[PDB]
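Please work from the sequences and hints to get the whole structure.
Residue-level listing of the chains:
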Amino acid sequence: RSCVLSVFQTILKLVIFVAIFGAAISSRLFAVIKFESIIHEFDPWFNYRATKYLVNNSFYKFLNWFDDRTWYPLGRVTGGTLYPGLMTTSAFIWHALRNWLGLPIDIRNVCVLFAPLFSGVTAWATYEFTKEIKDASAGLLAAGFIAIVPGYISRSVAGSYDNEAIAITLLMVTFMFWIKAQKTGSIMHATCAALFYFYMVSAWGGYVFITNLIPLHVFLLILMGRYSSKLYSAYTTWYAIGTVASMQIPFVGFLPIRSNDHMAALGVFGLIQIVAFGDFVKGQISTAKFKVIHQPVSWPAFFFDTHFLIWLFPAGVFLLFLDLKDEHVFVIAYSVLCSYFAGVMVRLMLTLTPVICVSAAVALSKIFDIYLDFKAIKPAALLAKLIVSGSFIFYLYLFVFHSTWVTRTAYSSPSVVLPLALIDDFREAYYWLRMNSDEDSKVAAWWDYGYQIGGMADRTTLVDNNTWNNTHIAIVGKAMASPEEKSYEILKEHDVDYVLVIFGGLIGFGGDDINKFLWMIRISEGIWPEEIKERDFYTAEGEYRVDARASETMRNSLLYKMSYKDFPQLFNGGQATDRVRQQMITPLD
Amino acid sequence: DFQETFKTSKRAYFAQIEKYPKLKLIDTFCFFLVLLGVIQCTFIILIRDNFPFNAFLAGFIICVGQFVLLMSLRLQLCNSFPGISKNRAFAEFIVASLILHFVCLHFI
Amino acid sequence: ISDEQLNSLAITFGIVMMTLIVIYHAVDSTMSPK
Amino acid sequence: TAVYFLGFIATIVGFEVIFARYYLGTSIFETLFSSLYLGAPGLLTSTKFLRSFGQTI
Amino acid sequence: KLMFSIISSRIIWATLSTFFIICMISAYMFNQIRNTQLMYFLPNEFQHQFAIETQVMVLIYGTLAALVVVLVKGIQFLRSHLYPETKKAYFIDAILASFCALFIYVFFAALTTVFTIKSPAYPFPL
Amino acid sequence: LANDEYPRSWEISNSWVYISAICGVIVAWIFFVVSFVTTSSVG
Ligand SMILES: CCCCCCCCCCCCCC(=O)O[C@H](COC(=O)CCCCCCCCCC)COP(=O)(O)OCC[N+](C)(C)C
Ligand SMILES: CCCCCCCCCCCCCC(=O)O[C@H](COC(=O)CCCCCCCCCC)COP(=O)(O)OCC[N+](C)(C)C
Ligand SMILES: CCCCCCCCCCCCCC(=O)O[C@H](COC(=O)CCCCCCCCCC)COP(=O)(O)OCC[N+](C)(C)C
Ligand SMILES: CCCCCCCCCCCCCC(=O)O[C@H](COC(=O)CCCCCCCCCC)COP(=O)(O)OCC[N+](C)(C)C
Ligand SMILES: CCCCCCCCCCCCCC(=O)O[C@H](COC(=O)CCCCCCCCCC)COP(=O)(O)OCC[N+](C)(C)C
Ligand SMILES: *[C@@H]1O[C@H](CO)[C@@H](O[C@@H]2O[C@H](CO)[C@@H](O[C@@H]3O[C@H](CO)[C@@H](O)[C@H](O)[C@@H]3O)[C@H](O)[C@H]2NC(C)=O)[C@H](O)[C@H]1NC(C)=O
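Heads up: the protein sequence lines correspond to chains A, 2, 4, C, 3 and B, in order.
Residues 5 to 297, 351 to 432, 439 to 482, 490 to 659 (the authors' numbering) make up the first sequence, in order.
Counting in the authors' numbering, the second sequence runs from 22 upward without gaps.
Counting in the authors' numbering, the third sequence runs from 2 upward without gaps.
Counting in the authors' numbering, the fourth sequence runs from 230 upward without gaps.
Residues 208 to 245, 255 to 342 (the authors' numbering) make up the fifth sequence, in order.
Counting in the authors' numbering, the sixth sequence runs from 378 upward without gaps.
Honestly, the hints are just simulated from the structure, not real lab data.
Ideal Cβ placement from N, Cα and C applies to all residues, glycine included.
Please note that the accuracy of each hint is not assured.
Calculated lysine-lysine pairs in the BS3-like style (CA-CA distance at most 30 Å, straight line) [unchecked claim]:
(1) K432 (chain A) - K35 (chain 4)
(2) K423 (chain A) - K35 (chain 4)
(3) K289 (chain 3) - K304 (chain 3)
(4) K43 (chain 2) - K138 (chain A)
(5) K303 (chain 3) - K382 (chain A)
(6) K208 (chain 3) - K423 (chain A)
(7) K43 (chain 2) - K31 (chain 2)
(8) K184 (chain A) - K289 (chain 3)
(9) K35 (chain 4) - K512 (chain A)
(10) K17 (chain A) - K107 (chain 2)
(11) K135 (chain A) - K382 (chain A)
(12) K35 (chain 4) - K382 (chain A)
(13) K382 (chain A) - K286 (chain A)
(14) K448 (chain A) - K432 (chain A)
(15) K286 (chain A) - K107 (chain 2)
(16) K17 (chain A) - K295 (chain A)
(17) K35 (chain 4) - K208 (chain 3)
(18) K423 (chain A) - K43 (chain 2)
(19) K187 (chain A) - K28 (chain 2)
(20) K295 (chain A) - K31 (chain 2)
(21) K631 (chain A) - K35 (chain 4)
(22) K382 (chain A) - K293 (chain A)
(23) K35 (chain 4) - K135 (chain A)
(24) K512 (chain A) - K56 (chain A)
(25) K432 (chain A) - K304 (chain 3)
(26) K43 (chain 2) - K187 (chain A)
(27) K441 (chain A) - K208 (chain 3)
(28) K40 (chain 2) - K382 (chain A)
(29) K441 (chain A) - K304 (chain 3)
(30) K40 (chain 2) - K28 (chain 2)
(31) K423 (chain A) - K304 (chain 3)
(32) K28 (chain 2) - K43 (chain 2)
(33) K135 (chain A) - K293 (chain A)
(34) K135 (chain A) - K45 (chain 2)
(35) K187 (chain A) - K277 (chain C)
Per the computed footprint, the stretches of chain 2 lying under chain B, defined by three or more beta-carbons under 8 Å from a beta-carbon of chain B, are [to be verified]:
(36) 23–32
(37) 40–52
(38) 75–82
(39) 97–106
Right, dumping it as structure tokens:
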């Protein structure tokens, strides 16, 4: 009997993992079979530019690499300014497919398909993390949610190659290895938790949260009085191995010593050291131990991203809270602290969903444990059990339909191609500039498009999206705002050959360079106040417009003349509409 | 008060040391791992200089972390944890004491 | 491949993974101590 | 079981020699491959020694 | 004596903590930073709302959370503090559980109706 | 500068003390472990 039931459980779990490793893979791929397969955005085109350097010379020439094609008069030093770990596991997968398994594939296809392949590891790790709080019947359910829910599809679709894909998995594996060594007491699990903490401190820059979430667990675990000899051995080896492993990565070199964020962990370690001695004295006396001892989010984004998991999320913490079995304080302490920070930032919704899934997959398991546990035959009881279990299975199917509706509508679109017809005029003029220009030639554009010009047109820009030296962007914005006769000289001191301007007045692009022209002025007022002032680009009685009654120093600027050059001679009769500002331009303006 | 707890703790500790010949070996290792850290900081306080700061921090980390793994072995070796024998605490001490020396030879 | 077939493949894998959970939890709830 | 103890000292001393030889001038992948080829038989042998000796620890 | 029973009981920490998650998952914080006005909620826009609408959200989410926790660790207490003296009391459990399920369905339908008023072209209500 | 082209920890003569405070803990550790499995319990 026991062999039959155990074999049934094993085979059924194998078929479950074969399905739920496949539903994720098939959900991520709308932008790859709809369009071509290319990297999506601004920030993932530096990472692809760095894992294509590592992949066709050595690993020794990548850790200390000085590139002179960015921030041109003073190039940046990469090895002390980026996080390795997203590149080197990718060069490892490339080196393993090419030499051992037998099949050679390009580096671009390993970079595009790096998130959907990797999400199944997050599904398995959430299974194993839920297997410790509750029995293994709820781990399949929590593993069934997190491969579907669209607050996490938004950041890893096929094409995104940013840091959070590896990060939201290593977060889960580190919490699993800590929650094993909170209960058992052994040293070796805290060592393995220290090593995945080292592999998570190097891929991702919000490692500060996992550093300030463990001493809050121990510090809430002492004030209740549940101190034991399990905490002296599980905490201090995590801190001893994990801290000095954290200092090995440059760009976080001596920062866990001087910095304020890591102070709480150090203080807790000292506090733990004191209380371990104050427990030995208690075993001797009985009487005198009394004498000694960012943008806020709106409301419907939360229902939009999770369907009914946000609905029974504050029931799972209550039902979780009526037990207190010494590892539920981890989830109860995670939930409040993370839910406060995910209400004033937008982009900290990603650290919130692995507890909406777990605490929303505990309460529902405790509901299923009694209303389909029939074991007596009566009509009314089977009526109640049947209609309650039917009531919840209905919402769970509607959860599947909802999630795959909202993935293909909002979170699946490239920023490189702009759709009744196509508009592909943003890759003509990078490939012009790659084909028909000499190979050492500087391009001067505004800092939003720095990564794409270096990645896809292959030239040596002056600024990019890093905003590292902040009094260099003010030079470029001082050049695009002055009259022509001085911007010539300022641009000629730096040896600029080409300048380029985007413009959306013809089909209504909206994010053009006239709408971003105001912020440029403000960046150029923090230094040279006398030369440029934003009291002059406004008209009489303070209105900003581009019409025949514009300012006298707006009409003579260098970003006005370069956008509306042959625009009135285009349309019939000698008049034109701007299609965004909705204003009318005459060829004397 | 403190006289009674003092003499009680001295006697109840020294009998525990004289029972088991494993404990005085641990504590004899521990005390000289304190004196290493003390005079190694005394070199810093003696001449006011701070130049190879990582080479300062590596030996000090060796002293503190190596102290802590001994105290965890001592706590686990007197009273057994439920599920862990005494042959497995020692092997975990070997492995986790053997990672730490490598990451404090890379760091100097 | 048109994404209508990708759409039907997506909901098909969702329902086939989401139905077997319930019969796993029903066998594990009825014929087990806890 | 004295030959097993002889196979227990040599792997720990062997895991100190490759760290010193790492400190002098060698690169990473020689250290890591030498640590694998030394690493597995010392795992099997040392495990069987701690199992064999046993009760007097 | 009494304050130690207050600081020692875990029910007030339960209601305080769950009340904190409830009053902060309805975007209380957004209302506090960018002050707004206070007939009902602002239709057809996806990122703005008034100030009385978060009261309605707190009432909804708190109500169905209370229905679920009364459904799981509930029905024993009510019968005990109610009449036991009639008969085999399985029928009270049956109709009590069924009416709790139907109330869950009604308030969930109310929530989906309000979200279609906020942002239309949502392909399935109720 | 590269990460390999730096004066090493021999040549500074300000960090001889710390190298001497690594070698002692290594050899004291191996004499600890060899003198731990070759002893008795409450003889
Ligand atoms: C209990 C202790 C557990 C320890 C676990 C250790 C696991 C690490 C295993 C890594 C195996 C690397 C194998 C390898 O050599 O692949 C290389 C190099 O591939 C890489 O670039 C990635 C390897 C980088 C190693 C990172 C430092 C070591 C981190 C773990 C100690 C392919 O990269 P390539 O870019 O093709 O060239 C590298 C330079 N050559 C000299 C090889 C030409
Ligand atoms: C012996 C065991 C072997 C196990 C490992 C097998 C590896 C699975 C496949 C590896 C990745 C291949 C995906 C791929 O490169 O195809 C992409 C995009 O085409 C697609 O539609 C994507 C299909 C990917 C589905 C499977 C993803 C699974 C995640 C990695 C295993 C299209 O390539 P292209 O870039 O368009 O190349 C040009 C193709 N022409 C026909 C135009 C010439
Ligand atoms: C528990 C709750 C409170 C927590 C307190 C934790 C905060 C205090 C921690 C100790 C002091 C940390 C500050 C610190 O160390 O700053 C040092 C330089 O500062 C120094 O002067 C060195 C201080 C070292 C302490 C020496 C005396 C200690 C005596 C102990 C017995 C920075 O030196 P740097 O200039 O950054 O060295 C860099 C060298 N490079 C070659 C890399 C460029
Ligand atoms: C799957 C891939 C996993 C990705 C993890 C992230 C990998 C990148 C992190 C590396 C951070 C930069 C470190 C660095 O710059 O140094 C590297 C040394 O490179 C290293 O090996 C870093 C080792 C860091 C400590 C490892 C602790 C783990 C414990 C292993 C038992 C260069 O080593 P080398 O210069 O090649 O070796 C010569 C060193 N001498 C001392 C002999 C001179
Ligand atoms: C900042 C964001 C994170 C905040 C976390 C919010 C609070 C969540 C964790 C605490 C909630 C549970 C507290 C609790 O129930 O235990 C208190 C024991 O508690 C006390 O007696 C004093 C209260 C100390 C806990 C709260 C500390 C406040 C937060 C400090 C940063 C008393 O219950 P007990 O009865 O002691 O627990 C069972 C033990 N008996 C054997 C005695 C029955
Ligand atoms: C696109 O096609 C062209 C045409 O073949 C490729 O150009 C080749 O390479 C260089 C330019 O990169 C051409 O000019 C040469 O420049 C070198 C500078 O070192 C100079 O020494 C030579 O005397 C010559 O002027 C070259 O004529 C041309 N053809 C070859 C090598 O057969 C280009 O590489 C292609 N790819 C791109 C632009 O990505």
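Hints, verified against the model:
A distance of roughly 13 Å separates the Cα atoms of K432 (chain A) and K35 (chain 4); the hinted pair therefore holds under the 30 Å criterion. Taking the CA atoms of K423 (chain A) and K35 (chain 4), the gap is near 11 Å; set against the 30 Å cutoff, the hint holds. At roughly 21 Å between alpha-carbon atoms, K289 (chain 3) and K304 (chain 3) fall within 30 Å of each other, so this suggested pair holds. Between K43 (chain 2) and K138 (chain A) the CA atoms are separated by roughly 40 Å; this puts the pair beyond 30 Å, and the hint is violated.
The hinted pair formed by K303 (chain 3) and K382 (chain A) fails the criterion: a straight-line CA distance of about 38 Å is larger than 30 Å. Taken as a hint, the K208 (chain 3) and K423 (chain A) pair is broken in the structure, with Cα atoms around 36 Å apart against an allowance of 30 Å. Taking the CA atoms of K43 (chain 2) and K31 (chain 2), the gap is near 18 Å; set against the 30 Å cutoff, the hint holds. Proximity of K184 (chain A) to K289 (chain 3) is assessed by CA-CA distance (about 29 Å); at most 30 Å being required, the pair is judged to hold.
In summary, the hint linking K35 (chain 4) to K512 (chain A) is not supported, as the alpha carbons are separated by about 70 Å, beyond the 30 Å threshold. Pair hint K17 (chain A) plus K107 (chain 2) does not hold up; C-alpha atoms about 36 Å apart against a cutoff of 30 Å. Distance restraint check for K135 (chain A) and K382 (chain A): the Cα-Cα separation of roughly 15 Å lies within the 30 Å cut-off, and the hinted pair is therefore satisfied. A C-alpha spacing of about 17 Å is found between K35 (chain 4) and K382 (chain A), which places the hinted pair at or below 30 Å, so the restraint holds.
Taking the CA atoms of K382 (chain A) and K286 (chain A), the gap is near 25 Å; set against the 30 Å cutoff, the hint holds. As the CA atoms of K448 (chain A) and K432 (chain A) are separated by approximately 12 Å, the hinted pair is consistent with the 30 Å bound. This hinted pair checks out: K286 (chain A) and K107 (chain 2) have alpha carbons roughly 26 Å apart, not beyond 30 Å. Between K17 (chain A) and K295 (chain A) the CA atoms are separated by roughly 57 Å; this puts the pair beyond 30 Å, and the hint is violated.
At roughly 39 Å between alpha-carbon atoms, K35 (chain 4) and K208 (chain 3) are farther apart than 30 Å, so this suggested pair is violated. Proximity of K423 (chain A) to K43 (chain 2) is assessed by CA-CA distance (about 49 Å); at most 30 Å being required, the pair is judged violated. Using a Cα cut-off of 30 Å, the hinted pair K187 (chain A) and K28 (chain 2) is violated, with the two alpha carbons roughly 36 Å apart. Taken as a hint, the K295 (chain A) and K31 (chain 2) pair is honoured in the structure, with Cα atoms around 20 Å apart against an allowance of 30 Å.
Straight-line distance between C-alpha atoms of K631 (chain A) and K35 (chain 4) comes to about 77 Å, which puts the hinted pair past the 30 Å bound. At roughly 27 Å between alpha-carbon atoms, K382 (chain A) and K293 (chain A) fall within 30 Å of each other, so this suggested pair holds. As the CA atoms of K35 (chain 4) and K135 (chain A) are separated by approximately 14 Å, the hinted pair is consistent with the 30 Å bound. Restraint check for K512 (chain A) and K56 (chain A): the C-alpha separation of about 22 Å stays at or below 30 Å, so the hint holds.
Of the supplied pair hints, the one linking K432 (chain A) and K304 (chain 3) holds, its CA atoms being roughly 18 Å apart against a limit of 30 Å. About 27 Å separates the Cα atoms of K43 (chain 2) and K187 (chain A), which keeps this hinted pair within 30 Å; it holds. Taken as a hint, the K441 (chain A) and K208 (chain 3) pair is broken in the structure, with Cα atoms around 49 Å apart against an allowance of 30 Å. A distance of roughly 37 Å separates the Cα atoms of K40 (chain 2) and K382 (chain A); the hinted pair therefore is violated under the 30 Å criterion.
For the given pair, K441 (chain A) sits about 12 Å from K304 (chain 3) by alpha-carbon distance, which is consistent with the 30 Å threshold. The hinted pair formed by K40 (chain 2) and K28 (chain 2) meets the criterion: a straight-line CA distance of about 18 Å does not exceed 30 Å. For a cut-off of 30 Å, the pair hint linking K423 (chain A) to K304 (chain 3) stands: about 26 Å separates their Cα positions. Between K28 (chain 2) and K43 (chain 2), the direct Cα distance comes to roughly 23 Å. Compliance with the 30 Å bound is thereby established for this hinted pair.
Note on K135 (chain A) and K293 (chain A): the hinted pairing is violated, with a Cα-Cα distance of about 40 Å set against a maximum of 30 Å. For a cut-off of 30 Å, the pair hint linking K135 (chain A) to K45 (chain 2) is broken: about 42 Å separates their Cα positions. For the proposed pair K187 (chain A) and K277 (chain C), the alpha carbon gap of about 28 Å is at most 30 Å, so the pair holds. Using a Cβ-Cβ cut-off of 8 Å, 0 residues of the region 23–32 of chain 2 lie near chain B, which falls short of the minimum of three, so the contact claim is violated.
For a cut-off of 8 Å, the count of residues in the region 40–52 of chain 2 with a CB near a CB of chain B stands at 6, and the three-residue condition holds. Against chain B, the region 75–82 of chain 2 contributes 4 residues with a C-beta closer than 8 Å to a partner C-beta. That satisfies the three-residue criterion, and the hint holds. Coverage of the region 97–106 of chain 2 by chain B is violated in this model, with 0 residues showing a Cβ closer than 8 Å to a Cβ of that chain against a need of three.
Figure legend: structure checked against the earlier numbered hints; hints not met, in rising order: 4, 5, 6, 9, 10, 16, 17, 18, 19, 21, 27, 28, 33, 34, 36, 39.
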